[PDB]
Amino acid sequence: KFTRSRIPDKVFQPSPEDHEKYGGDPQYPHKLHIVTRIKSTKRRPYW
Amino acid sequence: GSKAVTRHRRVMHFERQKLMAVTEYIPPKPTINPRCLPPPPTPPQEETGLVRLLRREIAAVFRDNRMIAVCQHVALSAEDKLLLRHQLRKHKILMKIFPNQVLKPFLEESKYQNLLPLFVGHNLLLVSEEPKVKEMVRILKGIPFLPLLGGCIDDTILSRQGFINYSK
Amino acid sequence: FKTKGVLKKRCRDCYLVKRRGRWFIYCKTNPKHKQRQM
Amino acid sequence: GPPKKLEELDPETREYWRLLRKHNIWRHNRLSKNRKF
Amino acid sequence: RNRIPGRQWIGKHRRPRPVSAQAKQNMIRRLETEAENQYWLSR
Amino acid sequence: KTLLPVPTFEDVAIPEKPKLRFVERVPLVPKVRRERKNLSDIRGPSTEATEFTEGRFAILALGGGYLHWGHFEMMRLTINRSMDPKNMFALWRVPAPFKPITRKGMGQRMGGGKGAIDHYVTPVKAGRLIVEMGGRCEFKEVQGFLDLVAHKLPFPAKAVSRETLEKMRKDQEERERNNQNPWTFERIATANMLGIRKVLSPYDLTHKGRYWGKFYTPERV
Amino acid sequence: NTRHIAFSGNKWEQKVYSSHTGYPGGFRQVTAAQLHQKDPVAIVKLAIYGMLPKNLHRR
Amino acid sequence: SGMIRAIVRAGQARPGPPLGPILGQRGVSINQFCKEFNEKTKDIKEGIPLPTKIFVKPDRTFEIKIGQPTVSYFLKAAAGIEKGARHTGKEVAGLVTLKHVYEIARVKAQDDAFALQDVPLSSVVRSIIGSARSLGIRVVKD
Amino acid sequence: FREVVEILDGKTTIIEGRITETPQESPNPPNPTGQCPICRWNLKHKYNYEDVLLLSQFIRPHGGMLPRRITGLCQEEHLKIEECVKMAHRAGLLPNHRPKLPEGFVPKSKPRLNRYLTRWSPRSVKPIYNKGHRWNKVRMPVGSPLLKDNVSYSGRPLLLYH
Amino acid sequence: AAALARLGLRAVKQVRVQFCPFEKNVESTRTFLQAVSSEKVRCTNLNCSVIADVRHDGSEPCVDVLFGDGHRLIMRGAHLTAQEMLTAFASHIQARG
RNA sequence: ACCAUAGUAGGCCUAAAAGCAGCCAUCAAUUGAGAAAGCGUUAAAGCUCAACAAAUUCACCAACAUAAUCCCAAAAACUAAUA
Ligand SMILES: [Mg+2]
Ligand SMILES: [Mg+2]
Ligand SMILES: [Mg+2]
Ligand SMILES: [Mg+2]
Ligand SMILES: [Mg+2]
Ligand SMILES: [Mg+2]
Ligand SMILES: [Zn+2]
Ligand SMILES: [Zn+2]
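Protein chains in written order, with my numbering: chain A, 1 to 47; chain B, 1001 to 1168; chain C, 2001 to 2038; chain D, 3001 to 3037; chain E, 4001 to 4043; chain F, 5001 to 5221; chain G, 6001 to 6059; chain H, 7001 to 7142; chain I, 8001 to 8162; chain J, 9001 to 9097.
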């Protein structure tokens, strides 16, 4: 069956290089997201 | 629909193929090839038991013979080499053979150097313990294609004519 | 001759030669060892 | 009775390597079972 | 004179179509954007 | 030139009955009840019999397959006449066939029911050993005539030693720590990037796209 | 200098030019090498012809 | 046309096999060799079959060289036994000393093969010990 | 470069060796530490079948290849050079090094077709009658894949098939 | 020494080789010497005598072979390689005789 | 590439078993050559492997016929592309 799937936590654990790559501050989380929809809904499951 | 397992290898949906083409193995690619880099560091070979046995054996062989005559090895029947051995056994003279590989580094050390150009081709070392030259050249007179190349006699190297002279 | 997917030297005198964009096995001792890659 | 073990002959003696040759040979004698031309 | 059996893209036998270098690119591009995404979603 | 020390086997313990045992056409308690065919039992990596027991040699399965009786006959005959019962012995690393397979005769309209029992077969997962051979032999001979046996198997298969096998597994993980491209199948499958999970089957999360249907691709990192 | 065309690869050997009379068994396959041998002009003319849009003005 | 190795018993030379099939195929006279070979070997009353080397020439005449009799026989006689052990080394047949092997050594030092070989009696002795160990006869040094 | 000379004189025959002067490797290699003759001159992944001035340095007067052990090239560059030599030849370059045969210049055949980047021999290739549609194509081979490592100023990987 | 024995050397009168041991270039003429001194080459003909002349003084390696076409073959070793002198031996002395 | 003798046609079986129908031993001459991996003989004899000796080293894990009206864009190695 095809399903809701899921993500294993380890994915979201950032490595120290990535702060340098994406220009994040290792110390302080940014406050607000800008989100944009890059691709389309259609052909993806209703949820 | 085809079952998840088939005989015939089962065409993949495109996007999965795309996924493959992206996930292909990529081997680490060198800056400079290791082979076209300068030579590898240095791997010393070491003396075997055979190398030591032949070094000891040769160190004794230049000691005990008073006349060591280089005779270029030449193709004969087993009959003729056995016969030449026995006719070497009537005057008591000895014949020994040594590999050029371990024979070369020994005479390239100090004293015997003049014997190096002689051992390039095939060779057969004639051991004469308390020798007489005319008896040695005697059987070499019998077979015309079997040359005597001279060399070491009691620390003095001599060619064919030096031997023709020591005989008379 | 024969045409084959797989060559093998069938003897000592068998040898392996590339002619006309193919592989050949040629044998002087026996003709019967002659093979041709397909 | 007969000499068997090759570990009992000195690697500095000329007659030790004779059995080493004989064994290297028997090795090749074995590997040639499957070789058929 | 070389034919495809049945329907083009459908059955147990299909028109073979290969991946393009273009395709490799597009996919990587998306992967890039999403690596960045799951970074910004971390902390 | 140069002599080297020969490998000697003072440790080789040769059992009685070195030859392969006779495997049976049918079980002694023939399954009365027709079974579903789990094709999944051929699908993906083997769990069991991945490793050696007694010997240093084996025929290793590089695809998943189905072994029926004929094959066993091939192996038994071939291996037995190709070995010296003095210096070698062989082993079954695989059971005798237990798994029914069904047929309807010719000219059957579809359905009406299940057919009757034609076969018996043994499923092999890729990564398993069919036959274990120990002995005082060097690998080269065993290899020589065992590749014959391998090649005639239903799936692609190989002949291997402890050395050879560990060589290739070591290599296998090495390839995957040496990989230059940032993008691995695992990486994307677990993280469901590109919503790829729509296209992937759940088993793939384990198989990491190395196993496909019954096939195995070792080149797949 | 049409006769003096260069053909990369072995293309001289494997590129074939086909045409049909329309008569049964009237079908003709010709190695590029042969064709050019017979008529120097052909090779290039076919390249250019096959390279234009397919409407009338090509003619 | 070639050479023939023929191991033949002392007083026995007969116009039948092995001398019929082996010598008679080369085109060689069987009676001539029976007379010559018996002429030489009737003079051994020690009854020892000797391996003999028969050179067979292009024109169908021939020439002979008598070698020393087989070690199989000298040690068959030395241990007093008859036929050597069935499985050799598993089973003992007969026995010899450092003297036995010495006798059989110096008797055989004049062999066609050991003659041109200047090897001391130690060598020929280890040779006869070697021919002993597969014959099933054990050595005891006293 | 040792010329072997033979003389027929009055029912006696003299055969003897005579040494000519071997030109020497130019003074100053860019990668002196480098190993293979190619690699110390910085020539790897540069020379193509189109470089004669490089190529003619290893070959024989009658056009064939040199033995590698004499040239001592990294096996790879040996095979590369080999292919490029055959290619350049088929390309009708190095007309000098064709073997000299006084009778054979006379018998005209149609003026040799000018070709280049030819991987196979002209006699072996079978004409492909069947083309094939877009999903199964028969690709006419160009250049040798051995050269697939030459640097691309374009970034476009060289096209080996059409 | 196969290439020589295969060719039926019986057309040869006498083979003599004059060479000078202590020079550094003498290897090839020796390779020729032990090539022709082989047993098969030796017993292909009983009319061929081989005589090996050894000199410290001569300084010039050479080989002289005569044969019954009235031909006198003189190959002068200086820089000549072994397989070459044997090749010329092969093409010269066989095709003529 | 070269080269090939020795106890010894090793015991036992066998019409003969001679290294090479089958069981035993795996011995020891020569500096070096298995009581022999191939072939061969009725048994031989006879050919090659390995053994020295001379050398050079560059390697290994090979390949797979065709259809029925007429082949199926034409073409093309490179002036710069996160187009
Ligand atoms: Mg489905
Ligand atoms: Mg359709
Ligand atoms: Mg379909
Ligand atoms: Mg298979
Ligand atoms: Mg010995
Ligand atoms: Mg014999
Ligand atoms: Zn053959
Ligand atoms: Zn290089």
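Rather than coming from a laboratory, the hints here were simulated on the basis of the structure.
In this text, a Cβ means the ideal position worked out from N, Cα and C, and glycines have one as well.
Be careful, since some hints might not be right.
Some chain F residues flagged as far from chain E (calculated, every beta-carbon gap over 10 angstroms) [to be verified]:
id: 1; residue: 5007
id: 2; residue: 5056
id: 3; residue: 5071
id: 4; residue: 5082
id: 5; residue: 5107
id: 6; residue: 5113
id: 7; residue: 5138
id: 8; residue: 5179
id: 9; residue: 5220
The calculated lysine-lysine pairs, modelled on DSS-like cross-linking and capped at a C-alpha distance of 27 angstroms, are [what the hints assert, rightly or not]:
id: 10; chain 1: I; residue 1: 8137; chain 2: G; residue 2: 6054
id: 11; chain 1: G; residue 1: 6011; chain 2: I; residue 2: 8011
id: 12; chain 1: E; residue 1: 4012; chain 2: F; residue 2: 5140
id: 13; chain 1: G; residue 1: 6038; chain 2: I; residue 2: 8110
id: 14; chain 1: F; residue 1: 5019; chain 2: C; residue 2: 2004
id: 15; chain 1: H; residue 1: 7053; chain 2: J; residue 2: 9024
id: 16; chain 1: C; residue 1: 2009; chain 2: F; residue 2: 5140
id: 17; chain 1: D; residue 1: 3033; chain 2: F; residue 2: 5152
id: 18; chain 1: C; residue 1: 2008; chain 2: D; residue 2: 3036
id: 19; chain 1: I; residue 1: 8126; chain 2: G; residue 2: 6038
id: 20; chain 1: C; residue 1: 2034; chain 2: D; residue 2: 3033
id: 21; chain 1: B; residue 1: 1003; chain 2: F; residue 2: 5140
id: 22; chain 1: C; residue 1: 2018; chain 2: D; residue 2: 3036
Looking back at the numbered hints, which does the structure fail to meet, lowest number first? Hints 11, 12, 14, 15, 21 not satisfied by this model.
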